[PDB]
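My request is simple: use the sequences and hints to build the entire structure.
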Amino acid sequence: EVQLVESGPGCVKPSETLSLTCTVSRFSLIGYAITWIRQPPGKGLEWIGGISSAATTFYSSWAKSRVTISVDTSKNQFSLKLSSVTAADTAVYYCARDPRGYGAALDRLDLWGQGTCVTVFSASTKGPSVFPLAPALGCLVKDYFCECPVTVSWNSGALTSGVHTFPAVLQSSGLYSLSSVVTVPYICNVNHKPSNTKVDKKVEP
Amino acid sequence: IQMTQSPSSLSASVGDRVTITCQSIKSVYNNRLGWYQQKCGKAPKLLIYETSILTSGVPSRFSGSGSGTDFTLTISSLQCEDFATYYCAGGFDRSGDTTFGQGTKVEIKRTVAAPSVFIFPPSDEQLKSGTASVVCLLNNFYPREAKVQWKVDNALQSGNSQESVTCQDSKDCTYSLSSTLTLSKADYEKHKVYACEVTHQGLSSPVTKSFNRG
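So the sequence lines, in the order shown, correspond to chains B and A.
Heads up: the first sequence runs through residues 1 to 82, 82A to 82C, 83 to 100, 100A to 100F, 101 to 117, 122 to 130, 141 to 190, 199 to 218, numbered per the entry's author numbering.
Heads up: the second sequence runs through residues 2 to 27, 27A, 28 to 95, 95A to 95B, 96 to 212, numbered per the entry's author numbering.
Calculated from the structure, these hints are not laboratory results.
All the pointers check out, no bait thrown in.
Derived DSSO-like pairs: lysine-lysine, alpha-carbon spacing no greater than 30 Å straight-line: (1) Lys214(B) / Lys207(A); (2) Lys43(B) / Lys145(A); (3) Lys183(A) / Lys211(B); (4) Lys149(A) / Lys207(A); (5) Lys183(A) / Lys149(A); (6) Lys214(B) / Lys188(A); (7) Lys190(A) / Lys215(B).
One-sided and incomplete, this derived list gives chain B residues near chain A with beta-carbon spacing under 10 Å: (8) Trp47; (9) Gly104; (10) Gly143; (11) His169; (12) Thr170; (13) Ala173; (14) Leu183; (15) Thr188.
Computed Cβ-Cβ distance ranges for the label pairs, DEER-style: (16) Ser74(B) / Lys107(A): 47 to 57 Å; (17) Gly162(B) / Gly200(A): 25 to 35 Å; (18) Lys39(A) / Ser61(B): 28 to 38 Å; (19) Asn152(A) / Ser115(B): 35 to 45 Å.
For each residue, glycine too, the CB sits at the ideal point set by N, CA and C.
Written out as structure tokens, the structure is:
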């Protein structure tokens, strides 16, 4: 298991309030320092804010008037709220631990969550269709929205070697498509968290 | 601009020694300079902290140096698993004075490798829905340059295909590409031979893989 898990809605419309959580799996949040960072698609890393071991909460200059960062020790979750979102807020959002307890430091973030993808777009979520790529063998996850990519595993985590999960393609329809292949001498596990759709497809000749 | 990294991107061969630099306008407070490695689709990973301390488990080929406003990350024996974007981050003594560098991309050059080609017809389930997606796969090739050509009854297709490519593999430095040809069910069922032809520097002649509708 991973220690830091970010959670969020995936696709949101503009002007909405974005609510993200960062759950710590096995440790109390008392004295636990956390930092929020975001990364727009294809861009660099950007500091949002953080909480020190004394619960002191720091905000970047751009976020100080649109973001609220807080802690819920009874639920073991840090919370981030971003008001009046626009397309400029589309990014992968990460929480990361500073082991020294600092609330406004970027030089020693030694443990990261895997990030939660957020896309701000004025259109409704669409779950994908999963088709088998029958003989190497694969799965085609087609016609989903928003950009936030589906996740795909094989044999519920067993098949990891020779597996190539490709970047999604933006089709002419504006919907997204992704392909995952595996080289072999079978079930693909697709999760579209924005639609909370989980499909396990058996690929056979 | 608070922290600049140089160069924006670089390439070298397996076993080469490469250096990335990080410059700040203001002096770093208490050696607070860290180096992060970000692989494709993954969270950044802290490689170096306090200018020169290695994260446990990080290979000794990584080293950090520098002082004040000028710092350097050195990879002494470049490996395929080092393909990544590297970011520096500094601490300047307080609230708000902390930013990331813009990042430096590291690619690795290796020998030419020809792709293994596969073709997949549309599933019957998808054909129920009125659309047909045919998939061509190019596996483990180098360099990235490759051209995929779809042929339907030996008629060239254009505008009805899209492709994507993986990042350099962590073990063999190769790429992999997937190309999808999309047609309507009516247009799909009008022809029999569906083929994808692959042109790469590693192949003497283009390699074609094909299937007959049925």
